[PDB]
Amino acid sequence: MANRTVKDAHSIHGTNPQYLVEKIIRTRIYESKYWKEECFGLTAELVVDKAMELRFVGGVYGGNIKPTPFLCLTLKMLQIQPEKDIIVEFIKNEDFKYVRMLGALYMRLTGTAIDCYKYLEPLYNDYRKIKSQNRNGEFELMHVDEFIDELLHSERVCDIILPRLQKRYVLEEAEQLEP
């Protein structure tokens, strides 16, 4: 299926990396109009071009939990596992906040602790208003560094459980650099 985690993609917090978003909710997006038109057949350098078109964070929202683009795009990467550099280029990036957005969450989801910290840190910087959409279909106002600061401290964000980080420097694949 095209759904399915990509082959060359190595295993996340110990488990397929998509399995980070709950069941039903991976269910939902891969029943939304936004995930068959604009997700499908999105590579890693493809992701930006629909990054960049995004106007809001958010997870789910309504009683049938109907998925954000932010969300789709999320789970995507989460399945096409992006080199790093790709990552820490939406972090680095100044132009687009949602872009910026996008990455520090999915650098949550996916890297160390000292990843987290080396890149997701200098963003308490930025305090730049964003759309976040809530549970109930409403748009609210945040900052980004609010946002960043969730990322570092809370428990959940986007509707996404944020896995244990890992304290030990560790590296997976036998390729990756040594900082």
Contents of the next structure:
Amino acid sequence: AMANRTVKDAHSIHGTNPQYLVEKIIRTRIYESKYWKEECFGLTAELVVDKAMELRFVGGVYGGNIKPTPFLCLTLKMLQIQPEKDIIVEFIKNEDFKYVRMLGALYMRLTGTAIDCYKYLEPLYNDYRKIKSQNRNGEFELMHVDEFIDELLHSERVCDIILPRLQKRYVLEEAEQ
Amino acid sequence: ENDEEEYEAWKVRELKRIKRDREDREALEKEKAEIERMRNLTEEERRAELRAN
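Output the form solved in complex with the partner chain next; the form solved without the partner chain has already been displayed.
Next comes the full complex, and the chain you just saw is listed first.
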């Protein structure tokens, strides 16, 4: 249970414990999962690097039993350990691993400043590579990176996490000096 | 070769995205312009009042 707690040095995100951005029962299903118990034991950002490179698809939960995908497990792990902006930006900027890129993107959308969200997610609209997506049913669907990015910037919920409210760019620009 | 049509499929997606974002942007432009017009109208009438009375 202690190994599942948010790291001692971590500060609050959007007024709360960063893990609480994920639904209570979703967290519980993650902690219980085979993937989390075997592949997410440890509190290090390097762990996330190694496992992220092994991601084969995006997704949230699937089935009426609410099973987490690896993607969602790593996302929670990231909330728990709160890696530094540098690594997240590296995840995003990297051109070789699309799933790493999307993992960094979702995390940036969940925890970053409005500015950083637009700055780092918007250029990813150019990225039209095909991606594997596991829907709520457990069915695999073809998708494209830029569509995921669009969902991150214009949807209420992605990968079964409710996205924290994000100001429209025009408002942040009108706020600019 | 065939992935040229993948680039074409992206173009279309991006254009839909641009049209949508452009419409939202204009809608909020129009709102802000209206607010500001009202603010200007108020300020002009205030100065008019002071000169008048």
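Residue numbers count along the first chain shown, from 1. The term rigid core refers to the maximal set of C-alpha atoms that superpose within 1.5 Å between the two forms.
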Once the rigid core is superposed, exactly one of 167, 156, 23, 10 has its CA displaced by 2 Å or more between the two forms; which residue is that?
167
